[PDB]
Amino acid sequence: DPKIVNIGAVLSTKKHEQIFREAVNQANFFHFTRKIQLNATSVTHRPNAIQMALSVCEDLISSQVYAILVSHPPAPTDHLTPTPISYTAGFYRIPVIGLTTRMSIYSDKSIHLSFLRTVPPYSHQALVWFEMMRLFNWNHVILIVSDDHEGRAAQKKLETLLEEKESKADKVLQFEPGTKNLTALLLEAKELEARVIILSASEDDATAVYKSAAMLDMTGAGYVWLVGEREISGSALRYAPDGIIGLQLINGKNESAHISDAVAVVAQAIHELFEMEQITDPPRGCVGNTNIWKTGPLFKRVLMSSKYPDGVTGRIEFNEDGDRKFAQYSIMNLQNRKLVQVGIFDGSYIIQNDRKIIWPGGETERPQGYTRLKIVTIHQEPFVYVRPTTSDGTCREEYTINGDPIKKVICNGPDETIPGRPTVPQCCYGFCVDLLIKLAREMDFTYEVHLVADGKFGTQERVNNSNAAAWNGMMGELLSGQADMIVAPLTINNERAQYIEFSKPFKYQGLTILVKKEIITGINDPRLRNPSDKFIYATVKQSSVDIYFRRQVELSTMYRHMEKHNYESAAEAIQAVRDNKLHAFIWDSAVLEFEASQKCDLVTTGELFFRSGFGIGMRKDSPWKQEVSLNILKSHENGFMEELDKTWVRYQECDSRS
Amino acid sequence: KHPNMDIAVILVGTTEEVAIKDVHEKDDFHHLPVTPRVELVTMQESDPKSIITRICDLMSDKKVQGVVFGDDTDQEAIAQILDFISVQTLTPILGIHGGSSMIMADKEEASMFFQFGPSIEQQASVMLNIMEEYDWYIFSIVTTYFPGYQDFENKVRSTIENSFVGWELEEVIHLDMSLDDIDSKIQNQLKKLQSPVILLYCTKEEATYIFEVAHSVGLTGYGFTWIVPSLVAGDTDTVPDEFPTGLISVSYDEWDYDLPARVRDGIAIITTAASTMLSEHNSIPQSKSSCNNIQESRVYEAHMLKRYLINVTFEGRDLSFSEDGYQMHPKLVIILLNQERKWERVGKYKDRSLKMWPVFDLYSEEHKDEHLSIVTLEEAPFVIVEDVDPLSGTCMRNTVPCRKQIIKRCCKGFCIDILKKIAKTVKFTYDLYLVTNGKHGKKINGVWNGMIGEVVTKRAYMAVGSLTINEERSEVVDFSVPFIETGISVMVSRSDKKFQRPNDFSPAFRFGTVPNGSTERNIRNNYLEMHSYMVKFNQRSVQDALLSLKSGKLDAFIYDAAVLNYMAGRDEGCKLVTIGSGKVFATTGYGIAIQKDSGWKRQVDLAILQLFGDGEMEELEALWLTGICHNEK
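As you go down the protein sequences, you meet chains G and D in turn.
Read in order, the letters of the first sequence correspond to residues 23 to 392, 396 to 544, 662 to 800 in full-length UniProt numbering.
Read in order, the letters of the second sequence correspond to residues 26 to 381, 386 to 392, 395 to 437, 450 to 537, 664 to 802 in full-length UniProt numbering.
Keep in mind that the hints are not guaranteed to be accurate.
As the list claims (entries may be wrong) - Capping the alpha-carbon separation at 30 Å, the derived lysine-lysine pairs in DSS-like fashion look like this:
# : chain 1 : residue 1 : chain 2 : residue 2
1 : G       : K178      : D       : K132
2 : D       : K752      : G       : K542
3 : G       : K131      : D       : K210
4 : G       : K25       : D       : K375
5 : D       : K180      : G       : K190
6 : D       : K229      : G       : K316
Derived from the structure by calculation, the hints contain no laboratory data.
Let the hints inform the model, and build the full structure from the sequences given.
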């Protein structure tokens, strides 16, 4: 026997109702009519919400609909005019499928739990932006949203996309709808370094946004705009800036394609459904039924999982919220103040149409995106060199062993040459300097460098009450802000690490000992373990090695022997061994090995212990370090560092002596 | 001149056809400037169509400016429906009982709707007060996608963060009732949670399913207890026994004030708001009620009414609302499910403060709890089994008892002493026994063996011994930090690839190790040929392996470095020595088993290095580990 299974819908016009019934009949014809048949019922949109809800309970549900389809009316009234149905069907858990509601507020399962759609919401558009952001490599952007479920949802979605990556809130900007003047907020926006912008708002709001934005000339080049379908359309189109990037969903305007496809999916879902048993018909009529329909959630479950990838609208699959997946958008450009398709986006991957890219203002191609750094250093021979600028004249044309001219920069630092100690203008050239300028070409930043007043890099010290003062030295300048970033040969350790962010290591090295070759078993040397007043072992007080000695309990006994006869600076420490004043010297290899090459009268011995790395200091709060490490790694992969160590480590004359 | 307002009220249910009509409205507090004009209507069972039609029908030309709704029903949905009408009409509506009183999604700000149920936030607060009263510190939350989630999760988060006490939130679960489950996905999650005190949040109907599932899971029993908001209990008149007994929940009391008194409160609120709005603007609140046409003009002006209506007071009683439309602090009662079907009150709670009746046990070391049995195996010097003096009948001196299922054996040695000091420091007591199957853990095909098995079977909490460390065992069980320097090593009389092939050397060479060892497994992992060759040279026991080395017929022996070094020091003649400096590859140390991420864990670790921290280990090394050989040094 046949069984007539009703379906119901609310559509714009009677012609579309006929289209609906036609699609339904196509579903009946093409699937078993012996077992089951599908029947179609529909109604035009009503002027208020109430006439329509009454229509659902009376005109539709009296027909025992297994599901309802809904479309946006010819003249949109307020927004989300298909709000009532999702509630009304929802009471009985009758699944609802919207054709034209791109509105985001339906994505929350909590409020609308029966709601599914053949179109993705405006929030899901962010999928494009992330992919867009992905291609062009701008990690830094700005987001401008209206304040409502729509804008906040868009923000949540994009941020969630970013969450997989290091979370990126470069900046976020919230404004409230209906506000004609937005100027102040954009004034706040300009201060943010990131030069790329993305916005979501209503057409009327967007007019005000572009109107305010043009006043501050943010529509200019070096700035990028990414936007929603609504923004490019309407009055907003009229006031829209040139070179903007824009989105349009495919078949968004058409109900009918979505009709044929939605009904096709419904049919597949039902035919898949009746394969299951313990089914119940939906409640007959609104009247007399206070109870939900147990099947409805199941119908939703199959319908969300219902495949049928081939469809008039494109691929069909449904996300958790019941929102559509893998929808296709067509990117749009404002060229010559007119809409053009620069490319089209389908699936998870963007597609580039043959048309030339446009950016705002004049660009043949211009993907541009994203002011001072005070840098501090210490006098360490291998990675930094100090000579004063000759008179007023600046720096020597002196050349590396590989024929290249040596680069150099000006640095203000402590001078012991005068009896009093003036902060003296000086010329400094180094491995770290070449690295810094390498970054400076890579990075938007500009650099001015002055050496720290204290010869020490840094160590915690001074007064007892509370915690008083701060670690003396360049590090202290970093927290103080005297220098915002520290470029030097700094070992990286946890005690320091809590206070500040650390760049990924440019170099990898460990402590070791220098002793003259010409006639120390381990990091643990019985000879160290058997200290002698006769056999000295020397270090610098306040050198990080000393922090290793103080902080570590296990060797804490051994520290004191080292503490005796300490030297103030690196040159004096090497000299003592050279002068033979001190039989042994202990320091990290990166500074030491270069010297080992430099003399060969002296040698390094044993295995690098306290294995560590050297990195560039920044405050945790500063995001530039995120790029720095990102840059450091990029410098490692190409072998830039290897060639720089190859340049600055001479290796010329020395060997294993024995 | 005479300002008579127009008002309507409805009752549903009441368990009567001929539900008590117009019991109230009788003039009270007539002094209020506007006098109420009332039309009362009742309808038997709730529907979206029936309610919408009727309320609009009463609207007609009638022009009512306010509505109060009341129900016998347990239904969650009703409130939202009437709220929707309010959004459409801008005509105030509130409700005094049942579903309308039951919580709902956050109300649209423009919309006007009020409920005499408590705020979600307030309810969560009361749930917290209840847990604090019984001092149940540790709890989890099971929730559903129904509205108010995350307003609830947030409210709990806010309420919890502020308090000093070290309470624990264990898990939060969000499950969609939609996409109803074949998977029993709710069963699959719910099964996970181990916490004693559970807060549940959902629709009245959902609680039933979650509870049947909990009954399958075993969550309703024995020491676990559940606590519930207003919605699940609803009316409290009808209670499927699918709900477990001892279920704890808050609700408004019928006894304190009957439904007509509550309706009187509603009418009083509407007419008081009318009187105050009058006093402010001297303006009639009355407006055209008809929904079908566009909302009447100057009704848009109505917003201020809401602004006035939020807090209202009469009869020395405060009706003050919250931005959401729930009343700020209605009186509330703590209720429990008495045995059988009874809902019997336990507590009263009002305003800031709560009071509860029962003293104790409603419905052993303070610092720490339970007991730990330990398994070991005998190896010299570290763990030595000795036979106790039969005349004495029990163990002597340092020896601690250990039992082996096959008889009491007496264990003493390095593991016994280290364990003893550790037990003294962390202050716990423990049972020690000997392993039967496979000694130190061994893998045949898919399955583990040995002490590790008893650690996995939870027949042992911690395993102690000469056990070496490896990636696999560290993966399955947390290990203590190494107390001693040890590893693989060689012992012979007196990477070169001489080990790699015997065949390269024309005379046959020989080396072997004990099977089922971490050494043999490591060997098989890294070096196959060595394993496949050495299987012939494998020996029964370390004493026997020693027999193969000592009497000839074997050249080299390979074994744990600590044992080989102690044996280097201790030999009947100094006929045996270590390899090179005895500097061992696969540098490792003896660890100790634990179950998993949950364990006393770090507390153990500290204890261990305190042992070296006082220098005891050097003494213990000289006593137990030090051998006489290596005498020429």
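So, going through the hints one by one against the coordinates:
no., hint, in the structure
1, G:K178 - D:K132, "holds, 22 Å"
2, D:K752 - G:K542, "holds, 27 Å"
3, G:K131 - D:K210, "holds, 18 Å"
4, G:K25 - D:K375, "violated, 58 Å"
5, D:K180 - G:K190, "holds, 27 Å"
6, D:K229 - G:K316, "holds, 15 Å"
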